[PDB]
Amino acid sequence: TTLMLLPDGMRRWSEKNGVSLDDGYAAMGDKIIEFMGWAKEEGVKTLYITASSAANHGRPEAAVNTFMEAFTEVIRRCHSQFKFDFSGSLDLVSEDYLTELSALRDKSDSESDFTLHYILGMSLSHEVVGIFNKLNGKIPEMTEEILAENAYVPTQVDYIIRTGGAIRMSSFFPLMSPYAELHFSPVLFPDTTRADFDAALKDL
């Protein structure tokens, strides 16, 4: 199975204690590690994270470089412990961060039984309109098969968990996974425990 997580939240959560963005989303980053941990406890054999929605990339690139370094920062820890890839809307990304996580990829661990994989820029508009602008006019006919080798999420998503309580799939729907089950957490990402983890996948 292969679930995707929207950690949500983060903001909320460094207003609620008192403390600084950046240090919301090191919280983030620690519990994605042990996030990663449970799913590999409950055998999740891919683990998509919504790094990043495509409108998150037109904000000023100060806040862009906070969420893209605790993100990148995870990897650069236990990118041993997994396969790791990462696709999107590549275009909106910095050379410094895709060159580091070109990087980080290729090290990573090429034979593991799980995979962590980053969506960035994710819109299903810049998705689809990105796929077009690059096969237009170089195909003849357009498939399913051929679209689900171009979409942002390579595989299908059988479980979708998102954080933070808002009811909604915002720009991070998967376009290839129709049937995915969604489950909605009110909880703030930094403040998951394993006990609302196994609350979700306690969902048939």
Contents of the next structure:
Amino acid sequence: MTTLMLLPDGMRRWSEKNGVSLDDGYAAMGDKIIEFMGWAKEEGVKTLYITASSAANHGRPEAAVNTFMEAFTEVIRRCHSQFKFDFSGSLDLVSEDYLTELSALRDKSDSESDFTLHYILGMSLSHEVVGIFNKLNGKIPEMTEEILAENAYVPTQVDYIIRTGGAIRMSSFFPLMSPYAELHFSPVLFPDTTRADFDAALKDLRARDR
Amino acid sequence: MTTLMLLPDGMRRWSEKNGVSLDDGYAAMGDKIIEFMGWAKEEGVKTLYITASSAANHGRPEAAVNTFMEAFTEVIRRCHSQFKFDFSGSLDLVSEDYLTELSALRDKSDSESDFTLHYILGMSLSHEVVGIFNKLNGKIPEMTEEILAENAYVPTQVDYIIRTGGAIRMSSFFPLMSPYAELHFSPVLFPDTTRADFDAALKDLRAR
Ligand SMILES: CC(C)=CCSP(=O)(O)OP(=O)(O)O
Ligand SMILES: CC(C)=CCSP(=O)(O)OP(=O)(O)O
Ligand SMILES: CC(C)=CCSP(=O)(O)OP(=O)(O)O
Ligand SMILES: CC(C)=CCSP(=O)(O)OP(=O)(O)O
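Starting from the form deposited without dimethylallyl S-thiolodiphosphate (DST) shown above, please give the structure in the form deposited with dimethylallyl S-thiolodiphosphate (DST) bound.
First the chain shown before, then all remaining chains and molecules of the complex.
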């Protein structure tokens, strides 16, 4: 079954366009994620990676960081019984409070579910590689691809990547060990995404086996 | 000014469509690369990175490997005085014959040119990172972003990436230290690229 990575982009522009607070933008994002997970389950996806943040996002003022961390965490608070939950990334950039709570939510999630919802926090290839080197430096005889795969943020290969929000770039979010990922860029702001947008993405992605 | 990375794709399909040998497709690519460098030079790009091959490509049958290595090398024999030439990548996968000649051709090129043509060979993120780790393991106190950048295949940050040939994916070619590279995907087979295709690509890229 399919491994899909979702890059939810456009919450701020959506908030401004609809004349609402950024908090309401992130709440609309959380509701969309829950909706999007349901679509993914119907569509043969077994693992949904969501890029919760780039490493740079965690350098914003703490209140702004707490704002998006709280929105992503609330999704798991509401739906952790509907899937197996895990997270990974630049954990050195995340506060103790959120790491502690997300670890609790992982333990409480349905370990028997066929569907995985996995958050990647603080994505950045340079940060990822730097961290991996400094953890293993002088501790092993040689690096191999198997060892690199074991230490990478994204622990499996990604088949498809969907980026909302109109940017045609990968920013900090390219998955290190996933050379073959097919990319689909949508101009739609993430909180406006419909199932029709998702279905169009999957038809595009599926037709690449011409 | 700007740093552009080109992914030339579609030589096989172009060869079949035009009923010629794969060597002839690669010859057409070489001519197109020279033409494309002229467009790039006129449009103010100062560094043009070209992905000559993925790591996987060097696993192809060995005559096929010599075919693309020869076609890319021929470009640099022909134009190395018109730019500064350099190359990098998974050189452990490249034949020492081409590595010797390319190393000579690098030393040969116009060191004073304000335009750089740089080949990346055997590109692969995992292979790149494994190699960097194994090169520095136990020899430095700690890795930093600056040390990683000094060891990465692509030695500078990439502003724009153009991938021809219709694939909407980065395959083995994502540049490690260039998170903010803007991507442009063209459906045109590389040897079919026209100046209009290049101008449309840059217009899209410049507006972004
Ligand atoms: C979490 C995601 C998918 C995007 C947030 S990072 P961003 O909006 O800053 O991305 P860009 O820097 O704009 O490319
Ligand atoms: C989930 C995070 C942290 C950012 C995603 S949305 P954004 O802040 O980039 O919003 P805009 O792209 O600026 O509209
Ligand atoms: C040199 C370039 C840009 C592509 C050659 S590798 P390829 O044709 O096998 O491309 P894919 O890896 O299959 O996407
Ligand atoms: C430059 C190299 C080595 C491969 C790029 S062209 P290709 O062999 O992928 O040709 P096709 O895409 O298969 O038509």
